[PDB]
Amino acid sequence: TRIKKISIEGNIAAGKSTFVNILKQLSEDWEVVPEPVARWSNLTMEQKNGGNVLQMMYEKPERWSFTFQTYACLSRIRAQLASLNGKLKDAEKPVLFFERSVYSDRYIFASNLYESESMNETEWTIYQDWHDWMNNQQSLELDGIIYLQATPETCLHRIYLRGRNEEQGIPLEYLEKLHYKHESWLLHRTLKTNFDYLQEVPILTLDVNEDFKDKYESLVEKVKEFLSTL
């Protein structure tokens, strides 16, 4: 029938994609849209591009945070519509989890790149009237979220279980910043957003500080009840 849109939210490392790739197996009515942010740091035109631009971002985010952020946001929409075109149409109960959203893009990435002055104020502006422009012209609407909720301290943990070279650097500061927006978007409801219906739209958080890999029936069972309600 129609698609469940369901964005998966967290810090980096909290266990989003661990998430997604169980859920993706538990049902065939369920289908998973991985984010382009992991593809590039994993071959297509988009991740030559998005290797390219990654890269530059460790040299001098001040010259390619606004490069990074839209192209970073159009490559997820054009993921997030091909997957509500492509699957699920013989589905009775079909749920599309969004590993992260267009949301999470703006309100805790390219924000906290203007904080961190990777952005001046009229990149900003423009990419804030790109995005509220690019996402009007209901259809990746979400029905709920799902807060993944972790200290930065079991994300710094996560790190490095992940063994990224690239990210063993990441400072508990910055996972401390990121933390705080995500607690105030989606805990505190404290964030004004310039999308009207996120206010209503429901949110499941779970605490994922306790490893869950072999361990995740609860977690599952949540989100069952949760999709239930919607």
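If you superpose the two forms and keep the largest set of C-alpha atoms that fall within 1.5 Å, you have the rigid core. Numbering follows the first chain given and starts at 1. First, how it differs from the form deposited in another entry.
When both forms sit on the same rigid core, the CA shifts between these two forms reach 2 angstroms or more only at 37 out of 204, 201, 191, 37. The rigid-core alignment places the CA of residue 58 2 Å or more apart between these two forms. Comparing the forms between these two forms on their rigid core, the Cα displacement of residue 222 stays under 2 Å.
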Given for the second form:
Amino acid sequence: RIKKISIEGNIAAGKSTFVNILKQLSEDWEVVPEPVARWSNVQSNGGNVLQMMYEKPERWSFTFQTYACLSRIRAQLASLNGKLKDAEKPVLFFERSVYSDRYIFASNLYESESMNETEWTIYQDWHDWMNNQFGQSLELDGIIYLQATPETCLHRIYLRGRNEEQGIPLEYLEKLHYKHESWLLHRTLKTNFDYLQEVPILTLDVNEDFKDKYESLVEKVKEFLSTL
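Okay, that's the form deposited in one PDB entry, but what's the structure of the form deposited in another entry?
Below: the lone chain, stripped of partners and molecules.
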């Protein structure tokens, strides 16, 4: 019925930029942005849990992983009831997914000792159960991978200018890069979700300026979508 695509990529690869092009291309196409704005002012002022994690990751990574994933799931669940329920060829695009939260971000942070065994066990337990409940509902038909070098992404952090991201070192970006390449390019990353091994993927090199690349990328997305 509703085709579900996630857009995956490193920090500042250019997902929000890409996503802001999608709705213009068909009235049947909808989008679920990643709620990064919510993470900088936690509401039911507020805690900036994004800042707290980056400033003290071995203290705040679990708390962040818990809130980020949750807020994403709710945003995505919220989209399953919308103008799409009446569109001819509905396509819902997710900015990242529950799988990147876990297999890219939470995993990298555990491996870095920003989460300990206890945190990692609780988080994966929580994540297994969250998904077992909201399973078939959020399953992907396709992934679009926006591939950019960690060095391009480091530059784009600077361009975008979120205060909380300005201290992010290349090393952190590089670890996240190789995780994405493993999952989506080489397809060597194993997950607890077997259908993901089969899921079609479109990889788009977005190292060059968006304005010049815009049209070819759009062709590739329309082609890719027609084959699902």
